[PDB]
Amino acid sequence: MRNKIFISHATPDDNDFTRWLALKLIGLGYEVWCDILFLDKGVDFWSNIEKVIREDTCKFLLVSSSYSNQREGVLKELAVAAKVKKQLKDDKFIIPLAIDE
Amino acid sequence: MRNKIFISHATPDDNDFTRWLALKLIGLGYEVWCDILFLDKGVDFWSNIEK
Amino acid sequence: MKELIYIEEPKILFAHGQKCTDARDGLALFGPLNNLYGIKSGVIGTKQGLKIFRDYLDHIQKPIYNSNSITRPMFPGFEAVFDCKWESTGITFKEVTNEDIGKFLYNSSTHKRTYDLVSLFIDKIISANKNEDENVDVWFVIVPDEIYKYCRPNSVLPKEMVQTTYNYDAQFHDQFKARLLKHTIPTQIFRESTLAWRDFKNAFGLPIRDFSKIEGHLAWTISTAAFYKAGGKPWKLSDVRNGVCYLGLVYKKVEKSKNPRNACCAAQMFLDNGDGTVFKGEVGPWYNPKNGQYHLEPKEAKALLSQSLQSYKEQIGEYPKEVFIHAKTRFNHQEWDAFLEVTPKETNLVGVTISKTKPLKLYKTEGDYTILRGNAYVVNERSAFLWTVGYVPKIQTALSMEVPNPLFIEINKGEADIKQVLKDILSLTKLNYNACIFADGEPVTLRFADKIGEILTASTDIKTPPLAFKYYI
Amino acid sequence: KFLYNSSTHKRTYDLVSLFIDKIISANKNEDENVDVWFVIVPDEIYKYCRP
Amino acid sequence: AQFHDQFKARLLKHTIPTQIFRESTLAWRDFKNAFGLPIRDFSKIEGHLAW
Amino acid sequence: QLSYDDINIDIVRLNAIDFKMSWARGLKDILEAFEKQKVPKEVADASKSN
Amino acid sequence: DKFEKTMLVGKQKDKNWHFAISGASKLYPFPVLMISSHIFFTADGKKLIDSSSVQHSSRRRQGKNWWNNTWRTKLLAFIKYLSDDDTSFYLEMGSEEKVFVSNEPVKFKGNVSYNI
DNA sequence: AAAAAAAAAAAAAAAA
RNA sequence: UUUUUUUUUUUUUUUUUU
Ligand SMILES: Nc1ncnc2c1ncn2[C@@H]1O[C@H](COP(=O)(O)OP(=O)(O)OC[C@H]2O[C@H](O)[C@H](O)[C@@H]2O)[C@@H](O)[C@H]1O
Ligand SMILES: Nc1ncnc2c1ncn2[C@@H]1O[C@H](COP(=O)(O)OP(=O)(O)OC[C@H]2O[C@H](O)[C@H](O)[C@@H]2O)[C@@H](O)[C@H]1O
Numbered sequence: 001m002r003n004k005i006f007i008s009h010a011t012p013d014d015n016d017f018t019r020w021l022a023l024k025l026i027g028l029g030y031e032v033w034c035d036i037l038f039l040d041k042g043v044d045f046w047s048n049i050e051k052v053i054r055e056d057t058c059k060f061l062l063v064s065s066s067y068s069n070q071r072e073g074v075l076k077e078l079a080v081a082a083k084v085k086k087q088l089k090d091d092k093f094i095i096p097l098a099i100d101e
Numbered sequence: 001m002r003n004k005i006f007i008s009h010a011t012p013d014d015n016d017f018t019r020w021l022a023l024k025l026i027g028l029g030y031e032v033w034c035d036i037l038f039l040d041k042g043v044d045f046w047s048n049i050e051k
Numbered sequence: 001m002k003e004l005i006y007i008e009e010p011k012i013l014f015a016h017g018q019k020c021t022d023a024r025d026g027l028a029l030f031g032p033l034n035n036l037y038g039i040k041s042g043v044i045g046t047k048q049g050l051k052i053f054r055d056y057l058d059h060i061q062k063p064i065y066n067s068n069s070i071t072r073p074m075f076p077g078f079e080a081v082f083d084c085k086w087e088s089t090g091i092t093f094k095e096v097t098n099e100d101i102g103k104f105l106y107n108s109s110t111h112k113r114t115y116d117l118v119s120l121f122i123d124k125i126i127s128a129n130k131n132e133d134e135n136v137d138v139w140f141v142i143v144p145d146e147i148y149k150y151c152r153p154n155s156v157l158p159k160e161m162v163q164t199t200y201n202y203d204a205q206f207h208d209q210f211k212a213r214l215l216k217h218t219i220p221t222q223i224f225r226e227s228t229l230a231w232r233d234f235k236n237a238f239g240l241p242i243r244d245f246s247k248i249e250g251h252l253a254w255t256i257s258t259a260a261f262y263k264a265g266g267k268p269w270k271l272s273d274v275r276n277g278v279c280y281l282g283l284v285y286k287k288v289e290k291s292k293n294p295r296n297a298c299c300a301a302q303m304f305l306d307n308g309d310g311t312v313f314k315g316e317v318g319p320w321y322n323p324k325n326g327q328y329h330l331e332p333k334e335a336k337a338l339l340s341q342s343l344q345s346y347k348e349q350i351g352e353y354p355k356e357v358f359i360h361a362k363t364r365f366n367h368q369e370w371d372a373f374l375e376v377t378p379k380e381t382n383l384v385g386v387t388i389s390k391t392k393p394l395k396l397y398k399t400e401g402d403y404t405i406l407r408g409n410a411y412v413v414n415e416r417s418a419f420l421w422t423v424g425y426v427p428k429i430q431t432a433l434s435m436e437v438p439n440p441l442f443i444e445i446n447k448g449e450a451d452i453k454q455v456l457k458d459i460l461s462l463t464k465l466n467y468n469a470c471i472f473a474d475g476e477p478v479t480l481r482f483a484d485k486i487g488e489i490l491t492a493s494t495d496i497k498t499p500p501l502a503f504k505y506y507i
Numbered sequence: 103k104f105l106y107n108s109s110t111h112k113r114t115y116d117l118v119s120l121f122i123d124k125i126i127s128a129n130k131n132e133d134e135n136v137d138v139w140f141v142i143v144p145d146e147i148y149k150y151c152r153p
Numbered sequence: 204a205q206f207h208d209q210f211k212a213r214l215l216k217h218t219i220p221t222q223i224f225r226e227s228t229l230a231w232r233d234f235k236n237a238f239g240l241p242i243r244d245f246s247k248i249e250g251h252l253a254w
Numbered sequence: 102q103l104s105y106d107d108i109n110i111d112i113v114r115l116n117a118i119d120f121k122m123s124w125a126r127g128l129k130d131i132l133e134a135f136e137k138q139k140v141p142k143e144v145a146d147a148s149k150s151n
Numbered sequence: 303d304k305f306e307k308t309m310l311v312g313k314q315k316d317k318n319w320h321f322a323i324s325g326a327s328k329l330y331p332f333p334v335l336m337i338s339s340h341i342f343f344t345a346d347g348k349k350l351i352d353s354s355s356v357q358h359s360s361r362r363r364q365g366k367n368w369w370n371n372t373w374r375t376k377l378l379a380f381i382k383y384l385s386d387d388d389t390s391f392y393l394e395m396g397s398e399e400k401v402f403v404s405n406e407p408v409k410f411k412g413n414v415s416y417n418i
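Chains as they are written, first to last, in the authors' numbering: chain A, 1 to 101; chain B, 1 to 51; chain C, 1 to 164, 199 to 507; chain D, 103 to 153; chain E, 204 to 254; chain F, 102 to 151; chain G, 303 to 418.
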C-alpha cells in the first residue's frame with residue numbers, strides 16, 4: 001500500500017527546512033521519505049526515487065523556493081508525480097509549499 | 001569535435017530497429033556509434049563507450 | 001570423381017545504383033527504384049470481409065517481425081520499405097451482399113455458377129472504372145472461403161446445400211483475370227483465409243492456415259506485388275548484357291474448343307536504352323492444333339519471332355545481337371527453320387531447353403542440409419545441370435524442402451556457351467514480382483509465361499490481350 | 103506526312119489514330135501507371151485539322 | 204472533322220483520362236505575330252490559366 | 102504498450118519522437134530535428150551503409 | 303527391424319512406416335543405377351494402406367523432419383542389405399553371366415562449403 | 001496393345 | 001487464388017515390331 005509522504009526539494013540549499021519538516025512529521029506518526037534522511041546510500045538513487053513515487057508515495061510534497069523553481073531534479077520528480085497523479089485519479093496528491101518571500 | 005550519434009538500446013531485444021536506423025543514418029551521411037555495429041568485443045569497450 | 005563448379009550468386013540492383021543479393025533486405029533498407037507518390041486502392045467484396053482487409057492493412061502499416069529474423073528478414077512497414085503512401089483512407093469500396101453472393105453459389109452446375117459469380121464482380125468493377133470519378137490504381141478482390149470451396153473444378157457442392199457458361203473455365207482466378215483484359219485494369223485476388231486467419235479455426239482450434247510465425251514473409255509477398263501492380267519498380271537486374279532478349283515459350287492445354295489446341299505464350303526480357311530493364315509480355319497467342327504436338331507450325335512461329343524482334347527494334351533502335359529462347363519442351367528443327375528465316379544475319383539465335391524431369395538427387399556424405407544453390411555440373415558443352423533449388427546461406431535455409439532436383443539445361447539449338455546460359459538462368463530466378471523471395475525455383479520467363487498462358491486459356495473471346503504483367507500476376 | 107492531305111476527314115482520322123495508337127499501347131503494354139494523359143498539340147494542326 | 208471531339212470519342216473504350224493542350228495555351232511567349240506581340244497574350248491573366 | 106506515463110524519470114521532460122505507428126514518419130522527424138539543430142553531417146552515401 | 307545401425311521399419315500410432323527403394327539405370331552420362339527413396343505405410347505391418355490420400359498424408363507427415371543425414375544412411379543400409387559382398391552386389395541375368403553393380407554410390411566433389 | 005522416354009492438368013498438405 | 005516446393009493418380013503422344 002501507499003503510506004509514504006515524499007518531500008521533493010532543492011538539496012544544495014533547502015536541507016534545513018526539509019529535515020525539520022520530516023522530523024516533525026515522523027514525530028507526528030506519519031511515515032516520511034526524503035533523500036537527506038531516508039535515501040539508502042550506495043544505491044541507484046533515481047531508480048529508488050521512481051519506485052517510491054510510483055509505488056508507495058501516497059502524498060507528494062514539494063518545497064518551492066527561489067532555487068527549487070528551476071532545479072532539474074525537482075522538475076523530473078515533479079513530472080513523475082504528475083504522471084502518477086494521472087494514474088491514481090487524485091487531484092490532492094500534490095501540495096506545493098511556498099518558502100521564499 | 002563531437003560528431004558521432006550514439007544509439008543506446010537493449011542489444012538482445014532492440015537489435016533489429018537499431019540495425020535499420022543505423023544502416024539508414026550511415027547511408028544518409030550521419031556518423032553513428034552502436035555496440036551492434038562493431039564486430040568482436042573486448043574488455044576495453046566498457047570504458048570506450050563512456051569516453 | 002566428377003567436378004561440379006559453382007556459378008556466382010546473382011545480384012539485383014536497388015535505388016541509388018546500389019546492389020544487394022537479397023531482395024527483401026535490399027527493399028527493407030534501400031527502397032524501390034522509382035517514386036510512386038501514392039497508391040489509390042479499391043476494394044470490392046462483402047462488408048463483413050472489408051473489416052478484415054482494413055484491419056490487415058493497418059497491421060501492415062505497423063512494422064512486423066518474424067520468429068527467426070535470420071531465416072526471414074523482419075518487415076519494417078510498407079511506408080518505410082517502399083517510401084510510398086498506402087493508407088486505409090482513400091479505399092474505394094464496392095459491396096456485395098451475402099444474399100446476392102449466396103444466390104449464385106448454391107448452384108448444381110459448376111461452370112455456370114462460376115461464370116455468374118465472377119460476372120458479379122466484373123460488372124461492378126467495370127461500373128466503378130467507367131462511371132466513377134475517383135481513380136483506382138489497383139483493385140483488391142476479397143473472396144469468402146465457401147466460394148473457394150465451391151468455385152474450382154471437380155469441387156462438388158454438398159447435396160444438402162444445392163438450392164438451384200460452358201465456354202469458360204471452372205477456375206475463378208483464371209476466368210476472372212481473363213475477362214478484364216479488354217479494360218486494362220490491375221487486379222489482385224485475396225482470400226478471406228489468406229487475411230487475418232486467426233479468426234478462422236478448425237476442430238482442434240488452431241487456425242487452418244496458421245502462419246503464427248511467418249507473418250513477415252506473407253506481408254513481404256503482399257507488399258511487393260501491390261507495389262508492382264501500382265506501376266512501381268521493386269528491383270532490377272544488373273548483370274544483363276547489351277543486345278540480349280530472352281523470350282519464354284510455354285504450351286498450355288485448351289479444353290473449350292475441340293482438340294486441346296495447345297495454345298502457346300511468350301514473355302520478353304531485355305535491356306533498354308539507358309539502364310532501365312524491360313520485362314514485358316509478348317502475347318500473340320498462336321493456336322497450335324493436334325493433341326500432343328507442342329511444336330509451332332512455321333507461320334505462327336515466324337509471327338511470334340517477328341513480333342518479338344519488333345518490340346525490341348522500336349524500343350532500342352536496332353535488332354538484338356543475341357537471343358536466348360527458353361522452353362520446358364525441346365524444339366524440333368521445323369520451328370528452328372522458321373525462326374532462322376525471320377531473324378536477320380547479325381543476330382545469333384540460340385534455343386535453350388530447361389527441364390526438371392531428370393531424376394538426379396545429389397546427397398552429401400554428412401550433414402543435415404542440402405546442396406548449395408549455385409553449383410553446376412557440366413555434362414558437356416551443350417548440356418549441364420544447375421541447382422536453382424537448394425541451399426543459400428543468406429536466407430539460412432534451403433529454398434526446397436527435401437533434397438532438391440537440379441535443372442537440366444541443354445542448348446538444343448544454336449551453339450551458346452554453357453557458362454553464360456547457366457549464369458543468366460540463375461539471374462532470372464531472382465525477378466519474381468508476384469512473390470518477394472530470395473530466389474525462385476526456375477527462371478521467371480517460364481513461370482510468368484505459364485501464368486499468362488493459364489489465364490489466357492480461360493476466355494475464348496480474347497483479342498489482342500495486354501502485354502503488361504500487372505494485369506496478369 | 104498526315105496533315106498535308108486534300109481530305110480533312112482523312113487527315114483528322116489519321117491524326118487521331120496516330121495519338122490513340124501510342125496511348126493505347128502505353129496503357130496496355132507498359133508497366134508505369136499514368137493517371138492523366140496530356141496531349142501537347144501544335145498550332146498548325148489546330149488550324150488545319152478542323153471542319 | 205473535329206480533332207478534339209473524335210479524339211475524346213475514340214479513347215472511350217479504354218476508360219482513360221486525357222487533357223488536350225494547344226502549344227499556344229502553353230508558354231505562348233514564343234508565339235509572336237507580325238507586330239511583335241504574342242497572338243494569345245496572357246501576361247495579365249496567366250494566374251487564371253494556372254487556376 | 103509503453104505508455105508515456107511509464108517512461109523513465111530522465112525522459113519525461115524531453116520530447117519523445119513517435120515511431121510507434123510509422124517508422125518512416127519518425128525517421129523524417131529525426132532528420133528534420135537533426136537538420137534544425139545542425140548536427141554535423143557528411144554527404145549521403147548508401148554505399149557506406151552497404 | 304533395423305539393418306546396420308539405422309532403422310528402416312518403424313511405427314507411428316497404429317501405422318507402420320517402411321522404407322522402400324525404386325531403382326532404374328541410365329546410360330547417357332555414365333552407366334549408372336539411380337535409386338529413389340520412398341516411405342510406405344501398413345495397418346498391420348504386412349498389408350499396405352489402399353487409400354492414396356491416407357498414404358500421401360502419412361508420408362508427408364513423416365518427411366517433415368528426416369533430412370539428408372537419415373535419408374542417405376537408410377538408402378545405403380538398404381543397398382548394403384541388397385549387397386552380396388562388402389564392396390558390390392550382382393544382378394542375376396544368366397546362369398553363368400551376372401551384372402556387377404557397386405554397393406557404394408558415385409561420389410561427386412565440390413570446392414565450396416559452409417558451417418552451421 | 002504392349003514397351004520405355006516425354007508430356008501437361010489437378011489435388012493435398014507442409015512449411016517458407 | 002500471398003507463395004513456394006514435393007508427391008500421387010490418371011491420361012496422353014511419338015518411335016518401332018507383329
Ligand atoms: N555521485 C553523485 N552524482 C551526482 N550527484 C550527487 C552524487 N552524490 C551526491 N550527489 C548529490 O546529489 C545532488 C544532486 O542534486 P542536483 O541535481 O545538483 O540539484 P537538484 O535541486 O535538482 O536535486 C534535487 C533532487 O536530486 C537529488 O539527487 C536528490 O534526489 C533531489 O531530490 C548534489 O547535491 C549532489 O551533491
Ligand atoms: N515524453 C513525452 N511526455 C509527454 N508527452 C509527450 C512526450 N513526447 C511527446 N508527447 C506528446 O506531447 C503531447 C502534449 O504535450 P504538449 O503539447 O506540450 O501539451 P498540450 O497542452 O498541448 O497537450 C495536452 C496533452 O499533454 C498531456 O500529456 C496530455 O496527454 C494532454 O492531452 C502528448 O499528446 C504527447 O503525445
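Treat each hint with caution, since some may be false.
With a straight-line cut-off of 20 Å between C-alpha atoms, the simulated SDA-like cross-links for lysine to any residue are [claimed, not checked]:
#: 1; chain 1: C; residue 1: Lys62; chain 2: F; residue 2: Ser148
#: 2; chain 1: C; residue 1: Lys428; chain 2: F; residue 2: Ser150
#: 3; chain 1: D; residue 1: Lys124; chain 2: E; residue 2: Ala253
#: 4; chain 1: F; residue 1: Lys129; chain 2: B; residue 2: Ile49
#: 5; chain 1: C; residue 1: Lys428; chain 2: B; residue 2: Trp20
#: 6; chain 1: D; residue 1: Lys130; chain 2: E; residue 2: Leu252
#: 7; chain 1: F; residue 1: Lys121; chain 2: C; residue 2: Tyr56
#: 8; chain 1: C; residue 1: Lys130; chain 2: E; residue 2: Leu229
#: 9; chain 1: C; residue 1: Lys497; chain 2: D; residue 2: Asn131
To list a few chain C residues with every Cβ distance to chain F over 12 Å, as calculated [to be verified]:
#: 10; residue: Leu29
#: 11; residue: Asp58
#: 12; residue: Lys62
#: 13; residue: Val81
#: 14; residue: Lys85
#: 15; residue: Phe104
#: 16; residue: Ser127
#: 17; residue: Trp231
#: 18; residue: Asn236
#: 19; residue: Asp306
#: 20; residue: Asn307
#: 21; residue: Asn325
#: 22; residue: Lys355
Since the hints were made in silico from the structure, they are not lab data.
Heads up, the beta-carbon is just placed ideally off N, CA and C, and yes, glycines get one too.
Hints, verified against the model:
1. C:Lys62 with F:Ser148: Given pair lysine 62 of chain C, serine 148 of chain F is violated - Cα atoms ~27 Å apart, limit 20 Å.
2. C:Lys428 with F:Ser150: holds (18 Å)
3. D:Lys124 with E:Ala253: violated (28 Å)
4. F:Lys129 with B:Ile49: violated (27 Å)
5. C:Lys428 with B:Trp20: holds (17 Å)
6. D:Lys130 with E:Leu252: Roughly 32 Å separates the two Cα atoms, so the pair is violated.
7. F:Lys121 with C:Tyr56: Measuring from Cα to Cα gives roughly 17 Å; hence the hint holds.
8. C:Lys130 with E:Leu229: violated (30 Å)
9. C:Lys497 with D:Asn131: Answer holds: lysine 497 of chain C to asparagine 131 of chain D is near 14 Å, not above 20 Å.
10. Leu29: The claim is violated: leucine 29 of chain C sits with its nearest Cβ about 7 Å from chain F, within 12 Å.
11. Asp58: Answer for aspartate 58 of chain C: violated, closest chain F Cβ roughly 9 Å.
12. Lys62: violated (6 Å)
13. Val81: Not fine: 9 Å to the nearest Cβ puts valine 81 of chain C too close to chain F.
14. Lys85: Label violated. Min Cβ-Cβ 10 Å, cutoff 12 Å.
15. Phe104: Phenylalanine 104 of chain C is indeed farther than 12 Å from all Cβ atoms of chain F, at 40 Å.
16. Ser127: For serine 127 of chain C, whose nearest Cβ neighbour in chain F is about 34 Å away, the distance exceeds 12 Å, so it holds.
17. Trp231: holds (23 Å)
18. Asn236: holds (30 Å)
19. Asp306: Check passes; 24 Å lies beyond 12 Å.
20. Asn307: Answer for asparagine 307 of chain C: holds, closest chain F Cβ roughly 26 Å.
21. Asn325: holds (54 Å)
22. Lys355: holds (32 Å)
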